[PDB]
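Enquirer: What follows is the residue order along each chain.
Number of protein chains: 2
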Amino acid sequence: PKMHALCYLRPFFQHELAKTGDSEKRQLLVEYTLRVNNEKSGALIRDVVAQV
Amino acid sequence: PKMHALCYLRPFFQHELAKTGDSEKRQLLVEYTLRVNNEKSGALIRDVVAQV
Numbered sequence: 266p267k268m269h270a271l272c273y274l275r276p277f278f279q280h281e282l283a284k285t286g287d288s289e290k291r292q293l294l295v296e297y298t299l300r301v302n303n304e305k306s307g308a309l310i311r312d313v314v315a316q317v
Numbered sequence: 266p267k268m269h270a271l272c273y274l275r276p277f278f279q280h281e282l283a284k285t286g287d288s289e290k291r292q293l294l295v296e297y298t299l300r301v302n303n304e305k306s307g308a309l310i311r312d313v314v315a316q317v
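Residue numbers (PDB author numbering), protein chains in the order written: chain G, 266 to 317; chain D, 266 to 317.
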């Protein structure tokens, strides 16, 4: 777990939208990326199934 | 220069518009007109080419 990071360019944030009447509109946004420090430190086994 | 005026109906101003997404909007506005007191106090030479 220590060799993976989640990097936030813009953390979670909310804001208003245009008000077109007797209502209330909100938007939530987030911007992120994933960093893998070194792929040599782990393994990924693919295409394996149980009991065929 | 004493015979020409620029009349401002609304002086230059600015405001921000409604938010519709992950963006910001700005607008600047001005409203004006031009007054020429008397056309007989000046001259306008047209269709003259400098050094052919």
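Because the hints were derived from the structure by calculation, they are not lab data. Hints may contain errors.
What the hints assert, rightly or not - Restraint ranges, calculated between C-beta atoms of paired labels, are given here:
#1 273(D) with 275(G): 48 to 54 Å
#2 277(D) with 278(G): 55 to 61 Å
#3 315(G) with 287(D): 42 to 48 Å
#4 275(G) with 312(D): 17 to 23 Å
As the list claims (entries may be wrong) - Quick list of in silico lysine-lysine cross-link-like pairs, DSBU-like style, CA-CA up to 35 Å:
#5 305(G) with 267(G)
#6 284(G) with 267(D)
#7 267(D) with 305(D)
#8 284(D) with 284(G)
#9 290(G) with 290(D)
#10 290(G) with 267(D)
Beta carbons are placed, not taken as given, at the ideal position from N, Cα and C, and that holds for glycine.
Enquirer: Each hint should be assessed against the structure and marked as holding or not.
Expert: Against the structure, the hints come out as follows:
{"no.": "1", "hint": "273(D) with 275(G): 48 to 54 Å", "result": "violated (41 Å)"}
{"no.": "2", "hint": "277(D) with 278(G): 55 to 61 Å", "result": "violated (33 Å)"}
{"no.": "3", "hint": "315(G) with 287(D): 42 to 48 Å", "result": "holds (43 Å)"}
{"no.": "4", "hint": "275(G) with 312(D): 17 to 23 Å", "result": "violated (58 Å)"}
{"no.": "5", "hint": "305(G) with 267(G)", "result": "holds (13 Å)"}
{"no.": "6", "hint": "284(G) with 267(D)", "result": "violated (49 Å)"}
{"no.": "7", "hint": "267(D) with 305(D)", "result": "holds (13 Å)"}
{"no.": "8", "hint": "284(D) with 284(G)", "result": "holds (9 Å)"}
{"no.": "9", "hint": "290(G) with 290(D)", "result": "holds (18 Å)"}
{"no.": "10", "hint": "290(G) with 267(D)", "result": "violated (55 Å)"}
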